[PDB]
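Undergrad: Chain by chain, the residues run as shown.
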Amino acid sequence: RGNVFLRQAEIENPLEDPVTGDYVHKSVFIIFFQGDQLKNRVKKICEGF
Amino acid sequence: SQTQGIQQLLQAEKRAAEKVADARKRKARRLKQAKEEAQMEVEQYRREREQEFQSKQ
Numbered sequence: 199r200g201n202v203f204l205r206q207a208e209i210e211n212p213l214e215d216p217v218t219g220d221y222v223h224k225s226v227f228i229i230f231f232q233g234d235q236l237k238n239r240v241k242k243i244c245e246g247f
Numbered sequence: 003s004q005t006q007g008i009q010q011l012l013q014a015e016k017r018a019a020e021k022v023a024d025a026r027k028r029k030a031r032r033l034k035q036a037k038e039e040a041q042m043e044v045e046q047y048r049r050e051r052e053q054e055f056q057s058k059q
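Here the protein sequences come in this chain order: a and T.
Residue numbers are given in the authors' numbering: position 26 of the first sequence equals residue 224, and the series is strictly consecutive.
Residue numbers are given in the authors' numbering: position 45 of the second sequence equals residue 47, and the series is strictly consecutive.
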């Protein structure tokens, strides 16, 4: 249940990825919750993907 | 907008902290009051012991 503010950012002119080396741009659209159960569950899912 | 929402939440936590301060003050006032009724109560007791001592003497 995404509820918190959208933090947007973008990086162009990237560097090659640490573990494969893909020279790929970056962009982030975050909504991060302050509850502990969410902080752990979303952390698990996000680190998994 | 997003920072404004964050500020509303921060104001909420601020009034929560103010209520926590009010509550620790409530506890301080309550223990001070309890000390004061204890002092009054035991003073009544000392008056009783004193007048009883004079009566018996």
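Because the hints were derived from the structure by calculation, they are not lab data.
Even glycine gets a Cβ: it sits at the ideal position worked out from N, Cα and C.
Hints are not guaranteed to be accurate.
[Said to hold, decoys possible] When the alpha-carbon atoms are kept at most 20 Å apart in a straight line, the in silico SDA-like pairs for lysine to any residue are as follows:
#, chain 1, residue 1, chain 2, residue 2
1, a, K224, a, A207
2, a, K237, a, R205
3, a, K237, T, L11
4, a, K237, a, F203
5, T, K16, a, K224
6, a, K237, T, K37
7, T, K37, T, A25
8, a, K224, a, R205
9, T, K16, T, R26
10, T, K16, a, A207
[As the list claims (entries may be wrong)] Residues from chain a that keep clear of chain T, each with C-beta distances beyond 12 Å, as calculated:
#, residue
11, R199
12, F203
13, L204
14, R205
15, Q206
16, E210
17, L213
18, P216
19, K224
20, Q232
21, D234
22, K237
23, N238
24, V240
25, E245
Undergrad: Each hint should be assessed against the structure and marked as holding or not.
TA: Hints, verified against the model:
Distance check on the hinted pair: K224 (chain a) and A207 (chain a) sit about 8 Å apart at the alpha-carbon level, within 20 Å; holds. At roughly 17 Å between alpha-carbon atoms, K237 (chain a) and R205 (chain a) fall within 20 Å of each other, so this suggested pair holds. Distance check on the hinted pair: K237 (chain a) and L11 (chain T) sit about 18 Å apart at the alpha-carbon level, within 20 Å; holds. Straight-line distance between C-alpha atoms of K237 (chain a) and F203 (chain a) comes to about 16 Å, which keeps the hinted pair within the 20 Å bound.
Between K16 (chain T) and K224 (chain a), the direct Cα distance comes to roughly 36 Å. Violation of the 20 Å bound is thereby established for this hinted pair. Note on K237 (chain a) and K37 (chain T): the hinted pairing is violated, with a Cα-Cα distance of about 46 Å set against a maximum of 20 Å. A hinted pair counts as satisfied when its Cα atoms are at most 20 Å apart, and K37 (chain T) with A25 (chain T) qualifies at roughly 18 Å. Taking the CA atoms of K224 (chain a) and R205 (chain a), the gap is near 14 Å; set against the 20 Å cutoff, the hint holds.
For the given pair, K16 (chain T) sits about 15 Å from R26 (chain T) by alpha-carbon distance, which is consistent with the 20 Å threshold. For the proposed pair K16 (chain T) and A207 (chain a), the alpha carbon gap of about 30 Å is over 20 Å, so the pair is violated. The non-interface label for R199 (chain a) is consistent with chain T: the shortest C-beta to C-beta separation is roughly 16 Å, beyond 12 Å. Not every CB of chain T lies more than 12 Å from the CB of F203 (chain a), the least distance being 3 Å, so the non-interface label is violated.
Not every Cβ of chain T is farther than 12 Å from the Cβ of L204 (chain a); the closest lies at roughly 7 Å, contradicting the non-interface assignment. Not every CB of chain T is more than 12 Å from the CB of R205 (chain a) (nearest about 7 Å), against its label as outside the interface. Its closest Cβ contact with chain T, about 10 Å, brings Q206 (chain a) to no more than 12 Å, contrary to its assignment away from the interface. With a cut of 12 Å on Cβ distances, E210 (chain a) stays outside the contact zone with chain T, its closest approach being about 23 Å.
Look at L213 (chain a): its CB is around 29 Å from the nearest CB on chain T, clear of 12 Å, so calling it non-interface holds up. Every C-beta of chain T lies more than 12 Å from that of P216 (chain a), the closest at about 30 Å, which supports listing it as non-interface. The beta carbon of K224 (chain a) is kept farther than 12 Å from every beta carbon of chain T, the shortest such distance being approximately 21 Å. With a least beta-carbon separation of about 8 Å from chain T, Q232 (chain a) fails to lie farther than 12 Å from that chain, contradicting its non-interface assignment.
Listed as outside the interface, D234 (chain a) is consistent with that label: its C-beta sits roughly 16 Å from the nearest C-beta of chain T, beyond the 12 Å cut-off. In this structure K237 (chain a) is separated from chain T by more than 12 Å, as the shortest Cβ-Cβ distance comes to about 16 Å. Every beta carbon of chain T lies more than 12 Å from that of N238 (chain a), the smallest distance being close to 21 Å; the non-interface claim holds. The beta carbon of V240 (chain a) sits about 19 Å from the closest Cβ of chain T, which is more than 12 Å, so the claim that it is off the interface holds.
For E245 (chain a), the condition that its CB be more than 12 Å from all CB atoms of chain T holds, with the nearest at approximately 25 Å.
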